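Q: Each chain, written out:
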Amino acid sequence: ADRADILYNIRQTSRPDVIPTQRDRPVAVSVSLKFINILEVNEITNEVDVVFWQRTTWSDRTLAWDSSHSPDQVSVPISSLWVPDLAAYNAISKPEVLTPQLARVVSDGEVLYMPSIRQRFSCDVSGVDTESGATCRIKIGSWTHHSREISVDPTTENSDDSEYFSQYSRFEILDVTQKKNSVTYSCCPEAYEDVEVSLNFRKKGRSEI
Amino acid sequence: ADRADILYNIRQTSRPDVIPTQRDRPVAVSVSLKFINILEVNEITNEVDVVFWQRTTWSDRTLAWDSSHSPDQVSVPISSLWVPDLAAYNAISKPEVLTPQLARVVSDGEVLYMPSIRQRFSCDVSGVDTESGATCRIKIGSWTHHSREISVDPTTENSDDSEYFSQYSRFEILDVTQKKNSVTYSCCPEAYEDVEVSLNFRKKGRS
Amino acid sequence: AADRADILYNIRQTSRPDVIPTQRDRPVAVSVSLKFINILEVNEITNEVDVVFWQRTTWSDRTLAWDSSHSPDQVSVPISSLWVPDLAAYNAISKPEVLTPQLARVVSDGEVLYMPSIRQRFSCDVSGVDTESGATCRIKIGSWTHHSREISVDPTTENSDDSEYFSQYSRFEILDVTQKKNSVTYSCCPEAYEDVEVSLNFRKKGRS
Amino acid sequence: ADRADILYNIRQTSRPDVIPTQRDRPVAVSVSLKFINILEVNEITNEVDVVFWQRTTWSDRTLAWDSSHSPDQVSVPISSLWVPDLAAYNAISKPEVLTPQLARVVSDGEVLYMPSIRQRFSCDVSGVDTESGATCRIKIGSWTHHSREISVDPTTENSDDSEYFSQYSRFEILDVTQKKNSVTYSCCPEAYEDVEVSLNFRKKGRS
Amino acid sequence: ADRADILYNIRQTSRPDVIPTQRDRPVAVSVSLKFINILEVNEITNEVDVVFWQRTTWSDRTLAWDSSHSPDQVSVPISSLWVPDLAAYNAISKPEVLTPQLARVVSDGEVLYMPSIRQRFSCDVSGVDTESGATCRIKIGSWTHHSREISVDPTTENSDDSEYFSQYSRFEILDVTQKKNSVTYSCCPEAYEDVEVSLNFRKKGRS
Ligand SMILES: O=[N+]([O-])/C=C1\NCCN1Cc1ccc(Cl)nc1
Ligand SMILES: O=[N+]([O-])/C=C1\NCCN1Cc1ccc(Cl)nc1
Ligand SMILES: O=[N+]([O-])/C=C1\NCCN1Cc1ccc(Cl)nc1
Ligand SMILES: O=[N+]([O-])/C=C1\NCCN1Cc1ccc(Cl)nc1
Ligand SMILES: O=[N+]([O-])/C=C1\NCCN1Cc1ccc(Cl)nc1
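Note that the protein sequences, when read in sequence, are chains H, Z, W, V and X. Plus 6 on top of the position in the first sequence (first one is 1) and you've got our numbering. Plus 846 on top of the position in the second sequence (first one is 1) and you've got our numbering. Plus 709 on top of the position in the third sequence (first one is 1) and you've got our numbering. Plus 846 on top of the position in the fourth sequence (first one is 1) and you've got our numbering. Plus 846 on top of the position in the fifth sequence (first one is 1) and you've got our numbering.
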């Protein structure tokens, strides 16, 4: 079959509001952040505008097909498949999606979605104009799916932090580290996993002593 | 059955425009605010910009299913469900929902919806810069349903008021008290239950 | 023996959201009454005011009536399932920000009430806002496409305390509010358009 | 028949995505503007904010009905009708439609749509503070329909230029002239018509 | 055959969510930007605000029809057609489309979509206040379709960069070059084609 088939058959088996739990185990969702820009820093309100590619991967076997005589990958609108309800806990604005909202689907069910998002956060901005720089931490995890339904882990990949960071930004990234956590709230006895991304950055062109 | 059948049935029996009233009693809705941040405050205009989690709970028995051998909790888009028409009587901006608009439904018909919201209000800001701080009161209750259709009560959760409040904020929380109240309009005898959330806060300082 | 669901269903099957509920030929009599709640961004230089008001809108569609002797007399219904007056604030300079859930209240006699809380910017006389006499900002609301024979507006001059629901925390206070009614004829359509002109007399607070 | 029947037919015959070409002639679209306010002038960046009524008329015979035993005209949501894809060429902000998006359809097929729009334009603001004022020119015409598909002409009237212009604006209209124009693009050999509206305005003097 | 049939047929054959690939050769999409305005520029943050016409073209054979006795072109809502998933790799604000979202389709299946877009970008603004000016580069290409699926090339046509540029802008265009280019991301092998538009502009001012 061709691509027109693959989409047709995907539109059938897929249920965008039904999380693809396999057997009985959380859907493993990987979240890796690639910072592109730092636009508005306010050391007085501790708020920063950030631009980043949120690489998100997970598997949905209800999507898998045979790619022997058909493409191994196709681009699909995210409104046509289940997507993790991730949220940035310390975000103070809705996530502004800058790119077309298409996901990449492989015939084995692996799914990739990597939007470029622009968002404002509440975090530690103090130190931004100092050698050590400021460290702003961003918490991302599912909003309604606890640890047994969704587990989030930082796609561990020793990659250059400023690999895609605009060379024209007033800031420079000193260092980015992705960590995994687990919070239990009052509503429920089960834990909610998340990933803390600590972005260490500072202003460029500071005077030397 | 699996999560798909559950979600299938929920979607097939849910009446998003009909208030789920069992018998003649109103729908019991619980509303609890958890302050996450205080973004901008203006003492001169008595206006504040705040972020909070609006824990909301109610019941809809028609949605219930047998969880003997199946999941007894699923995530559901609120557009597929009846949701209480709550409004902040003193909000000067429409609520900005920052999180995925999904509710959580237990097999017993209990529905939990807790959106993180950013919204501006017209309240008393005086004293924000004093040790006593200021006390901004926020009233939330149904907009069109009165006491016989919807009852509102604070989810008494003896917990820390700053448990989830941002440490990087410029303000700090002195105390939060959520009291049950009621509003009435000249035209009519009917009353609308609400919850008065008193946020006692002040600007961080050591002087 | 009808539950709210049966009530809504009968409404959804007879109400025509895009069709004005005209009786015979007579125009649909709409009532418009504003209740001010707050006055925010005021500018005497540019003559622009930011206001929050409850816009009480009432009319009737008897085809939606039912017997409430042993059933609910009213129900809340999404305005999208109903026909609603195409009202517009003529001197507004920003589209209205509806702060409340967009639900209407339909009564068993066919009466329909819709009261959204609205935040909207207006172009009006702001001079003297800081004088004992204050400023008088006039707001004109009326149908945008329905002329006097299809829709008529009546300011429900339900004498009340003008600042009854007005924010105490506002930097301003209401001195007096007056509901007026007017009619205009544009070079498009022979018959006139009816509107209600609300005069808002307010001023900056300050002990003196 | 009744208004509901009329709206029923319209929804049936009308093809909102198809231009109502009579015979094989282009659809004649009259465009006229009635300035209501001038809000955010900036003589440095040559940008202005304007509120205006865009009187737009045209014909769509495939919507006509027998008004012998029925109303002559009705209000219709523009989503149920084909509408000219007009764009203000020098606009720098999307149009902010401040009014209910209903058009007026007459029995013969005449359509009138007049939204109040607020939009920011890039044009000559120089001299706004002088006595002769400035002259900002706004160009409005179809975006994808050329001369042989759509023709636009300024249907002027006997109305005063500031007949509906707010007296509370910091600016006053000195004169408005609306000329028809025509441009050819690399796209294709056929040109596109547009109305060019010139607004001569100035900041109000002092006592 | 009239326009009603052409659109009706498009609605029957068009797959807006399926890339119209001929056999296995990538879809040939042409991009070229026409600068209309430069509204804001920050010498310190290296950010510009601009307005441009993004002339885009490609082939969709399944849309073809016979125009021997009907029109060979029609304006169609892009929501009824597959559209290239282009994105500006260095944009810091999502595109604000200023014009009606209608594409033009020729009887031979060729599609032309030219929206006027206002968008914010991160690029080199240094030298913008000098005679040689600054050079801001904008990279545009598919977001998810690598080279084997989509190829992008500039409509390299000798012309006047300032042809449709606003005379009321505070800036002026000195030269615009559009080069093809590609980008491969560590992860995966396949590369993503893109068009690199270099805008050489400067602040205008006799001195
Ligand atoms: O960094 N990457 O690995 C990949 C990319 N970065 C920018 C565009 N890009 C290609 C891409 C592939 C799949 C998806 Cl779902 N989204 C984007
Ligand atoms: O505070 N809480 O009780 C619970 C939560 N706080 C942040 C996410 N969270 C989990 C959660 C569960 C169900 C629903 Cl409907 N929404 C959110
Ligand atoms: O003033 N009143 O009579 C009534 C009200 N004022 C604000 C909310 N309110 C309740 C209400 C009633 C009917 C409708 Cl349709 N919407 C809201
Ligand atoms: O100026 N006019 O001719 C007409 C009007 N100006 C403001 C409202 N108005 C009435 C009106 C009629 C038809 C339509 Cl489609 N829209 C508005
Ligand atoms: O530059 N051009 O070739 C063409 C145009 N520039 C502005 C409007 N215009 C007309 C036009 C043609 C096709 C399409 Cl799809 N959209 C607009």
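For the record, the hints were derived by calculation from the structure and aren't laboratory data. The beta-carbon is built from N, C-alpha and C at its ideal position, and this holds for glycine as well. Fair warning: there could be bad hints in the mix.
[To be verified] Quick look at which bits of chain H chain X covers, simulated, 3 or more residues with Cβ under 8 Å:
#1 78 to 85
#2 164 to 176
[Stated by the list, open to error] To be clear about the criterion: a stretch of chain X counts as covered by chain V if any three or more of its residues have a C-beta under 8 Å from a C-beta of chain V, and this derived list gives those stretches:
#3 849 to 861
#4 1014 to 1022
#5 1027 to 1038
Q: Each hint needs a verdict: does it hold in this structure or not?
A: Hints, one by one, checked against the model:
1. 78 to 85: holds (count 3)
2. 164 to 176: holds (count 6)
3. 849 to 861: Three-residue rule met by the stretch 849 to 861 of chain X, so holds; n is 3.
4. 1014 to 1022: holds (count 3)
5. 1027 to 1038: Coverage by chain V is violated for the stretch 1027 to 1038 of chain X (0 residues, Cβ < 8 Å).
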